[PDB]
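Between the sequences and the hints, there should be enough to build the whole structure, so can you do that?
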Amino acid sequence: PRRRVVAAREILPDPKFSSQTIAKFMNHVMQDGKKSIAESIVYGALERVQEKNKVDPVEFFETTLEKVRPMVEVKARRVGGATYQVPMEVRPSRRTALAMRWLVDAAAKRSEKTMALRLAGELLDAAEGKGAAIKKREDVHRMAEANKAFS
Amino acid sequence: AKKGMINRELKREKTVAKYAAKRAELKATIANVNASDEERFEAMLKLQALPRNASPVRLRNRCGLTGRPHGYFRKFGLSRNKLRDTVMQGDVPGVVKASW
Amino acid sequence: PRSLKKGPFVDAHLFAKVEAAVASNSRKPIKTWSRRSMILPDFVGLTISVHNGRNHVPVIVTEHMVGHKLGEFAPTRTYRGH
Amino acid sequence: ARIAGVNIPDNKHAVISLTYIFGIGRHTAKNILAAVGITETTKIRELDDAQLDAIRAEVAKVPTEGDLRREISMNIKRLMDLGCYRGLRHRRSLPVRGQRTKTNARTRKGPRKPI
Amino acid sequence: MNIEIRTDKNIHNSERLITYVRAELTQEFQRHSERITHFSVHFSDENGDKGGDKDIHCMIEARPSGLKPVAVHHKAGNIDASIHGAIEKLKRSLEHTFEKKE
Amino acid sequence: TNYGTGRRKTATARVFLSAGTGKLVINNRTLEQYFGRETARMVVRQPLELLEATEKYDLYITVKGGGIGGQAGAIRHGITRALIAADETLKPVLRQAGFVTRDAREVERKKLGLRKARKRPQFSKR
Amino acid sequence: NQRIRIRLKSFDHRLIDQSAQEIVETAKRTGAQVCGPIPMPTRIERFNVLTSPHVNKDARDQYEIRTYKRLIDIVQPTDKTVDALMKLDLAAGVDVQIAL
RNA sequence: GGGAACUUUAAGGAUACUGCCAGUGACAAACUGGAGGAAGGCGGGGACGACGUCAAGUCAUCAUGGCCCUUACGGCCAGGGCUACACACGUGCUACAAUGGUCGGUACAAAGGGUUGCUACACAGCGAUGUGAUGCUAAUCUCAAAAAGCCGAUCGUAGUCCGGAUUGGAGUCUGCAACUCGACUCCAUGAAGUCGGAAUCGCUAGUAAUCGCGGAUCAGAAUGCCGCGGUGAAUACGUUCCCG
Ligand SMILES: [Mg+2]
Ligand SMILES: [Mg+2]
Ligand SMILES: [Mg+2]
Ligand SMILES: [Mg+2]
Ligand SMILES: [Mg+2]
Ligand SMILES: [Mg+2]
Ligand SMILES: [Mg+2]
Ligand SMILES: [Mg+2]
Ligand SMILES: [Mg+2]
Ligand SMILES: [Mg+2]
Ligand SMILES: [Mg+2]
Ligand SMILES: [Mg+2]
Ligand SMILES: [Mg+2]
Ligand SMILES: [Mg+2]
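Residue numbers (PDB author numbering), protein chains in the order written: chain g, 2 to 152; chain n, 2 to 101; chain s, 2 to 83; chain m, 2 to 116; chain v, 1 to 102; chain i, 3 to 128; chain j, 3 to 102.
Simulated from the structure, these hints should not be mistaken for lab results.
For each residue, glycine too, the CB sits at the ideal point set by N, CA and C.
A few of these clues could be false.
[Said to hold, decoys possible] Pairs of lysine to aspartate or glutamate residues, derived as EDC-like cross-links and limited to a Cα-Cα distance of at most 20 Å, are as follows:
#1 s/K6 - n/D38
#2 g/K55 - g/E129
#3 g/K17 - g/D57
#4 s/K70 - s/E20
#5 i/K11 - i/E108
#6 i/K118 - j/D60
#7 n/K98 - j/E47
#8 j/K59 - n/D86
#9 i/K112 - j/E47
#10 g/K17 - i/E34
#11 v/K75 - v/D49
#12 j/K30 - j/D19
#13 g/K53 - g/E63
#14 n/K47 - s/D12
#15 v/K9 - v/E46
#16 n/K83 - j/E66
#17 g/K76 - g/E90
#18 n/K47 - n/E26
#19 s/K7 - n/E40
#20 i/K127 - v/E34
#21 v/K100 - v/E34
#22 m/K31 - m/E66
#23 s/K7 - n/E26
#24 j/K71 - j/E27
#25 i/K118 - i/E108
#26 n/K98 - j/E66
#27 i/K118 - j/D63
#28 i/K112 - j/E66
#29 n/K98 - j/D63
#30 s/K6 - n/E39
#31 g/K35 - i/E40
#32 s/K70 - m/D82
#33 v/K68 - v/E4
#34 i/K11 - i/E110
#35 i/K113 - j/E66
#36 j/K11 - j/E24
#37 g/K131 - g/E113
[Claimed, not checked] Label pairs and their in silico Cβ distance ranges:
#38 s/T63 - v/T19: 49 to 59 Å
#39 v/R92 - g/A98: 44 to 54 Å
#40 n/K76 - j/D81: 37 to 47 Å
Structure, rendered in structure tokens:
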């Protein structure tokens, strides 16, 4: 806005793992206020991924999130009637938000029977290093690298 | 509304008041089980033979002050146009503006 | 549809005209405005003219028509195409 | 199996599978299976010849494909020939039960016809 | 662009008028094409059932792809004159706006 | 022995607290029976795990109005107030947690000319 | 064993409270014991009235009327108390029902 | 039987004033960071529309100047129409499914309506309903089943156990009377639709999204309008370019 500084709201930690990050991820998954189904989906995916390799689900999630987080982005600047995409750094909150959104969207566009299965597949793919969220991270790096020249 | 409209409404009400008793008796005879089938049929025929205006279904509510056939608001008996004026003059007891 | 327990509906004047016609033997059409009456089984073989809004259209009542209302055979709108 | 001259799906519960015959819905399928004694969740591939014969005998009691189609067509053509208001609506291919034809009558008149 | 023209009770409207208005308006504003998606013209007679020098009001409102809708009014003694005045004013307004936005 | 009242979104909870083994009843029912949703149970249980003295108390709870989330919030508020009444030294930690505060958020009414409190009809400019 | 039930209905809570206070004072002067006044849920009735003569659906006035009810019991009443209650005058706007 | 504690009900009161502390600014207004408190700097909503603008809307609520008809441009009536259908627009509802459909069990509301009415309960019916009957002029009896939700089973990506338009038979009810032209129930049928051009709309928090419940009009006839509660988000670096 043109004034004020709106403060951020507090997301309570999830029941099972007591993680605010996992609670925020559930909020990203949630639709129409169906948070119970959101938790069911997320926990089913986490159990599925834990089945493949025996590791802490919270540690796996945060490692994959760090893998998928962005580094650099451009914000369009309209001067002289031209786009002038100018690379810039982004705050950690934006980093986490874009990472989570990319993960969820990639899972949604995957092709398994259930949201839990395809979310687990996306987490595994991001851990490996080949996924749609990884591709969006690569593309944003590529474009901010092409336009590095400007400040 | 027109005075002809108002007079038609009044005559309809008068006819309904006139024939209410016979209409009710015929309907009771129709709905009576112990009564004979021929009696029930005759009651049905008489009810169908009653004058049309005796039927309350043919009455339309009207403002009373103006006779308008829309926005009647049973409780007050006035159509919205006159109800607003009477209320906001202070002549309708208990009615105030709403804010909640 | 009208409830069966009430039974079929027919106007008194139309009913009386039909009984007069059947009791006698005359093929003169019965002119009427009761599009809401039902074609009773005793109506068969009679010509009944039914008002359709501005003129009376004839109907020769046959066994098929029993159960329909009179007005179902006298359309009230004139459409020929756009 | 083939019931009433049509091959119903095999890898399916009997109740759902029987509803592939014209003139039988889930209610009629439940009635048929109750009369025979077959459990609804039972799949069609698990039925033997005797059960197929029982189901065919039950289904023969109801009009399914040809009897139902010709009956419906006969009623519609009776209306069209007699010429009642419903018959004229059938003839002109317009809503028969009193819907608006000024707009939204695309399930009877079909794709819109340009002038 | 889709054309939606409306009149009032005084003016009197017909499908012939619809066809003529659509044709003329498209012919005049054919250059912009994709820039513009919707036209709506409206016709009135103000002091209906009387006369005067203008006595008729034409309006045309157009939606340009992108920028916000823009409107124009004109008063004239005849329907044709009102339409021509409104067309000229629309042309001037659109030219000015497009030159401004470049 | 010590009583507390909790309120949240049209829901009201009456909480009675007395030192005991750890029993917890809601409307002649257990927590698992009453709340089939895990978030509600976690919310109900936060205040007494916060003091690390969960099983040294016994609770008798009644609730009316609202839905599952509102009832859970009301029950937690009642437990917090019962603890504050029982001991004065609990209030600073409970407030630091934020349980002492009473949430005042409520549904906003529908408004004339609008589909909902804030949502309004479509104004197309296609 | 005789108990008298008193029910007050009004459109003005100030008037109904005045009436109930007067009733309880009258009972106290006679010397009987009375329970109340007991507030009872208020009825609210809300109406939407168009303010423009012809066409403006969103421009309306929202009015409300409220019905306030109060309950009183008087127990162990004496012959002088009952006669005092009957003798007491009634003010407008407050409909009072007395049940034996 | 009892109690007047608690919830609630509905009148009257208290509280919150930058009141106090640490900073900034002319030592002014005023602005930041804190303690306490349920609540802290207009706490959140609702009514309240300045002088004025568009010969803006309404002679069809009503009143009214001036013109017009007077065995008709007035009055009564029966049928028909306002529901037409080569098409074009605006506002909506339902869907295109697995964050789901079906079946069995099982919890939690708030606001309104009821004597020409709401009706417990038994029977009859697959059902809409019918008969008998009971308590209510209502914080007392009733509409009334809350639904999303949770637990168990099946469905396993198919125009499908998704969708429910259209049509063919059989009925209930309101009413003098359901043909044109009513609402609803049962059996059969099973359409387009597999996520929608350019373009464009709403919304900053108990908000959006989604789920059900009530009312005015009203014999009967809401996907509309006015209200009520349940679950419950995303994002604001900033005003550079977009408009007023
Ligand atoms: Mg007049
Ligand atoms: Mg009526
Ligand atoms: Mg039928
Ligand atoms: Mg004008
Ligand atoms: Mg809501
Ligand atoms: Mg409210
Ligand atoms: Mg003010
Ligand atoms: Mg005009
Ligand atoms: Mg006029
Ligand atoms: Mg007439
Ligand atoms: Mg109309
Ligand atoms: Mg289905
Ligand atoms: Mg297709
Ligand atoms: Mg109604």
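Structure-based check of each hint:
no. : hint                      : in the structure
1   : s/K6 - n/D38              : holds (11 Å)
2   : g/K55 - g/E129            : holds (16 Å)
3   : g/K17 - g/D57             : holds (13 Å)
4   : s/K70 - s/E20             : holds (18 Å)
5   : i/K11 - i/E108            : holds (6 Å)
6   : i/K118 - j/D60            : holds (14 Å)
7   : n/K98 - j/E47             : holds (11 Å)
8   : j/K59 - n/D86             : holds (18 Å)
9   : i/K112 - j/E47            : holds (17 Å)
10  : g/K17 - i/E34             : holds (16 Å)
11  : v/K75 - v/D49             : holds (16 Å)
12  : j/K30 - j/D19             : holds (16 Å)
13  : g/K53 - g/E63             : holds (17 Å)
14  : n/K47 - s/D12             : holds (12 Å)
15  : v/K9 - v/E46              : holds (11 Å)
16  : n/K83 - j/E66             : holds (17 Å)
17  : g/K76 - g/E90             : holds (10 Å)
18  : n/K47 - n/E26             : holds (11 Å)
19  : s/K7 - n/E40              : holds (13 Å)
20  : i/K127 - v/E34            : holds (16 Å)
21  : v/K100 - v/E34            : holds (18 Å)
22  : m/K31 - m/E66             : holds (19 Å)
23  : s/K7 - n/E26              : holds (17 Å)
24  : j/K71 - j/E27             : holds (19 Å)
25  : i/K118 - i/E108           : holds (15 Å)
26  : n/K98 - j/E66             : holds (6 Å)
27  : i/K118 - j/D63            : holds (18 Å)
28  : i/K112 - j/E66            : holds (16 Å)
29  : n/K98 - j/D63             : holds (7 Å)
30  : s/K6 - n/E39              : holds (14 Å)
31  : g/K35 - i/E40             : holds (14 Å)
32  : s/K70 - m/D82             : holds (17 Å)
33  : v/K68 - v/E4              : holds (18 Å)
34  : i/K11 - i/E110            : holds (12 Å)
35  : i/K113 - j/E66            : holds (16 Å)
36  : j/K11 - j/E24             : holds (15 Å)
37  : g/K131 - g/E113           : holds (17 Å)
38  : s/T63 - v/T19: 49 to 59 Å : holds (50 Å)
39  : v/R92 - g/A98: 44 to 54 Å : holds (48 Å)
40  : n/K76 - j/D81: 37 to 47 Å : holds (42 Å)
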